[PDB]
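Chain X is fixed; fit chains L, R, H and Z onto it per the hints.
Chain by chain, the residues:
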Amino acid sequence: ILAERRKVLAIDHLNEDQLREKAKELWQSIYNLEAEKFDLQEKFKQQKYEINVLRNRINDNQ
Amino acid sequence: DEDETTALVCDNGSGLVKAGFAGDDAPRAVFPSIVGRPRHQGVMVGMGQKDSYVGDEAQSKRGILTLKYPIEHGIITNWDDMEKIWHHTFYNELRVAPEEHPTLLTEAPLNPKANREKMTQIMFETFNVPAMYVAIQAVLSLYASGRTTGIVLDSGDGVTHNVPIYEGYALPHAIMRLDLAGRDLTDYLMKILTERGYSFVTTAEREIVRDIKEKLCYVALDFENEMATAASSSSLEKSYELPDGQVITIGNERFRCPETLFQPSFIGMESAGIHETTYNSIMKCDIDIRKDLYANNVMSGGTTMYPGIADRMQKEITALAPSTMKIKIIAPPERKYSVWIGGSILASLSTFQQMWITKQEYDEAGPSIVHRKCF
Amino acid sequence: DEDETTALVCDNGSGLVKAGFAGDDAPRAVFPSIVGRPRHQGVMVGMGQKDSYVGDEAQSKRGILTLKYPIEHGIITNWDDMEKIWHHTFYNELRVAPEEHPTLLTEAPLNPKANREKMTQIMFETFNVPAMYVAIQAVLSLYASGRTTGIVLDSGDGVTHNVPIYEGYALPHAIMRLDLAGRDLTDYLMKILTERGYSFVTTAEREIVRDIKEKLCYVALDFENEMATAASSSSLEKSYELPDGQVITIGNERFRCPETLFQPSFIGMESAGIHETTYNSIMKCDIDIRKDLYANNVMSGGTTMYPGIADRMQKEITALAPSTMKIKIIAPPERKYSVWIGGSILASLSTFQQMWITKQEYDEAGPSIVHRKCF
Amino acid sequence: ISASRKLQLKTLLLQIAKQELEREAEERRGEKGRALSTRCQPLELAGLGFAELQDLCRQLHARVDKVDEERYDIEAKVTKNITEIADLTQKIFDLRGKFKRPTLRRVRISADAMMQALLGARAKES
Amino acid sequence: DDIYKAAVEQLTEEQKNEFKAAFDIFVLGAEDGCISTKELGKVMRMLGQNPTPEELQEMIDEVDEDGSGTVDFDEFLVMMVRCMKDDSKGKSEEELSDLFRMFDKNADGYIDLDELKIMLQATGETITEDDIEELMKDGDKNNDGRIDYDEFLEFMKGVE
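Protein chains in written order, with our numbering: chain X, 1 to 62; chain L, 1 to 375; chain R, 1 to 375; chain H, 1 to 126; chain Z, 1 to 160.
With a cut-off of at most 27 Å between alpha-carbon atoms, the simulated DSS-like pairs for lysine-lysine come out as follows: (1) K45(X) with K77(H); (2) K105(Z) with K77(H); (3) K328(L) with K291(L); (4) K291(R) with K98(H); (5) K38(Z) with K215(R); (6) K328(R) with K100(H); (7) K50(L) with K100(H); (8) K18(H) with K137(Z); (9) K20(Z) with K124(H); (10) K32(H) with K105(Z); (11) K215(R) with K315(R); (12) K91(H) with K45(X); (13) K157(Z) with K43(X); (14) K18(H) with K43(X); (15) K91(H) with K141(Z); (16) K91(H) with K77(H); (17) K18(H) with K85(Z); (18) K141(Z) with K100(H); (19) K5(Z) with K6(H); (20) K284(R) with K50(L); (21) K32(H) with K7(X); (22) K91(H) with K50(L); (23) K45(X) with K157(Z); (24) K68(L) with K291(R); (25) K50(L) with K80(H); (26) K359(R) with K113(R); (27) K91(Z) with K141(Z); (28) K105(Z) with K137(Z); (29) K89(Z) with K98(H); (30) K91(H) with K291(R); (31) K43(X) with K91(H).
With the C-beta cut set under 10 Å, the calculated list includes, among others, these residues of chain H facing chain R: (32) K98; (33) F99; (34) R101; (35) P102; (36) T103; (37) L104; (38) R105; (39) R106.
Derived from the structure by calculation, the hints contain no laboratory data. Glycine residues also receive a C-beta, built at the ideal position from the N, C-alpha and C atoms.
Next comes chain X alone, as it looks inside the complex:
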């Protein structure tokens, strides 16, 4: 699956221009995956906080 999200990179038939295009599109994909990573990190931090509170209530509930 890591291999599946490892997309196909075909850069032989691409001349210099389509090489620039492929490099930039891979860069943009990197940017978007960094975006999802940061969002899931913020969600996970809010989650760890709320789970601190949840175990607080658990101690209060049991």
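Chains L, R, H and Z only, in chain X's frame:
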């Protein structure tokens, strides 16, 4: 919740997993090695209800669950259930994150390598532990007891390993692996309680009989004297309260069950008995070793808690032993807990800090590393 | 006010039909399961006059009607009559068309499948309901009472079902249904009132005796003491007023009617009674279940409304039960209406919406679908 | 004091905690913007040679794969913590319940209808 | 009741006079002059409804805050603005978590006294430190000086 990267210690038996952190003198909790599953069809809506329950959850909701153990005479055969037991142990009750701690597990030295290799694999691959060690139960009871020499007799829930140690060394030709333990004693008791009119078959019933044995049974220093007396008079009966308000009284069954340890033939087993296997582990050692093992008959695990067993085992070996030799049982209060305790001591020894398998060594070496680094 | 397509809830028994909208805490009205028909030759013309009358219409015009019940001993025997009972229930009094609302109907756990299949068929084919579910009355009784665990003892008009539930799961092997119910108690009372000189056999008369039972019976926690005095003195007789101004006084017969629930042989039934079926449902469950069922006998149905039945039942179960154990009865005001109340609770749960049979699923599979999806 | 003042105080607490959620979200989103500009800096494509462009494509593709897998790990963690929050809230609400099932009532019918049906000519304001 | 206390305060003097005349018609034959059992009964039969006595006593004693045992004209206004429901949607557990991560500025799990202090002081209306202490005690059911999550829910459940 720990303030140091102390090693974790977990003693995974067929009965319960004892667990806590290295440096303590006791596990934080004992987690029965049980995964329960509902055996009935739900009728009400909005009841929650999970596909499985683990450890104490499995026992607390047992009225409608079928309960099974993942460990067979010391070897884990059901790894899905042990991951749930281990996860629950670290995640909910020990309040532990193994990623930040070395972990020490225990095992009989006589069990198939598959178990020590797989335990090493799960802590590194599922729990991401930075380091591992799997320790020998003969060793662990001896550390807990303050001994370097002796015959270690577990008579546990799963297996009896019968292993002689001298000056910290194994004497392997004198080892008696025995397929007799508390799980067999319990089944025997269910059959003889059936003779009395109380039929115990299902999970709730199996857990009741294990509780009856734990609270009412003893081995007897002299079986025949207790046998003849208990079979002749009600003065030897002891009562037990069944959960529904009914009661059971138990007579000579109170000792006939534990007696199987000395007489394996009671359950169809072909065996010398725990006192002879202990004896043979002393006897098969060299002549200049024998005297030290006679003086160091070392208890490990549970069942060593039965009334008359520490006095009986010493008498049974004495009866087989040569004269001159002084025979003694080492039966500390660290009973039923000495293997875990030994793990705490061992994990913490300065002399043991290089015995740990690190994550990097594991990844380069593969799972077979346990054979080269642990035992 | 109903500004939301809330599910409609109706409990259709051999006695009466409880109906209202999900989200309320009571049926809006109780419609007896009666279809009345004229049994006399008309002489006047332009008098209106229906082919049949339903529910309260059937009782209001009963002076010349024969009154029939479409439901008997827990099941629908006449579903064309039920379509009329339901049409009236929904369109004349609740004033709602099921076409725009899911509908929840209820039955006992071992009730013959034809009952749930016809409930499903009529609501989908004559009412065009967008969805259906047939629920178990025992679930609903537990939901109304705030329980997940207990014995539901539901003696109603045509049947006593007796079903143990633990953690929301049915224990079906421990269900003990009886052909013992309020309709038979009415018949027993008619025979003993006949012995007193008040012979009741026609529909109007049968309805009067039922009304007498509801207002005069007290069951008796100690029936031997009550018969000794009630049969000896007028001081324990209660006067009942009849529609034509007559007065009937009833003495030990006042409790002999309910006594049949403890002595079923009174109506020709081979049974140990309602207190024993409650007890046997506990006894056929595992011993780690029994403690919770003993502490939670759950009263449902209508016989639970005698002024003294809770004490009659607790005394009988504790008499049958082991000592030490605590035997308790849960007897909330949600009596006689607990199924409807539970129906509203179920219908409104978020955890129940996926349980509905939709009209599309019904049209593709036919009414037998209810047997596969509901329970 | 007037309890309308108390309603105003509590609804202002609600709105102000909403604006505090907004300021915390503003912190998090500014962090996201800066850490995204730095996590993946805009490329410079002009002048780079053919083989060098293929090497850069290989690098950026491997980085695609790796940051994908990393956000995927944080996603798995988020899923675990979603299950955790949901199930711990279920457990608590059970310990905080078994009596806390929400009930609806429709005796709470709109006051205007019965207001009219009762007062007639004088029931004009409510 | 701050919701429906604002609701009655949302009424104009004309609505109050109408409800006063309705109260005058309400108690025709009242032994208490207030809305007791028979008053509810007669004003319900005034339209033709037949409720149960237990529901009636429930409605009497619930809106009775002091333990007077009857419904006074003020409680009558409360039930009048009750059936015309004003406080919509009662922002709740998830919104309250969005609010509670803020309330607990410490990111620990409990709204500390300085935290709820800043929270109230930022509301804009008249803010005393008594507000902070008592909203603590009412939120923090433990009165430990720290409002837990569930404590914040029951602190702000149903609040418009």
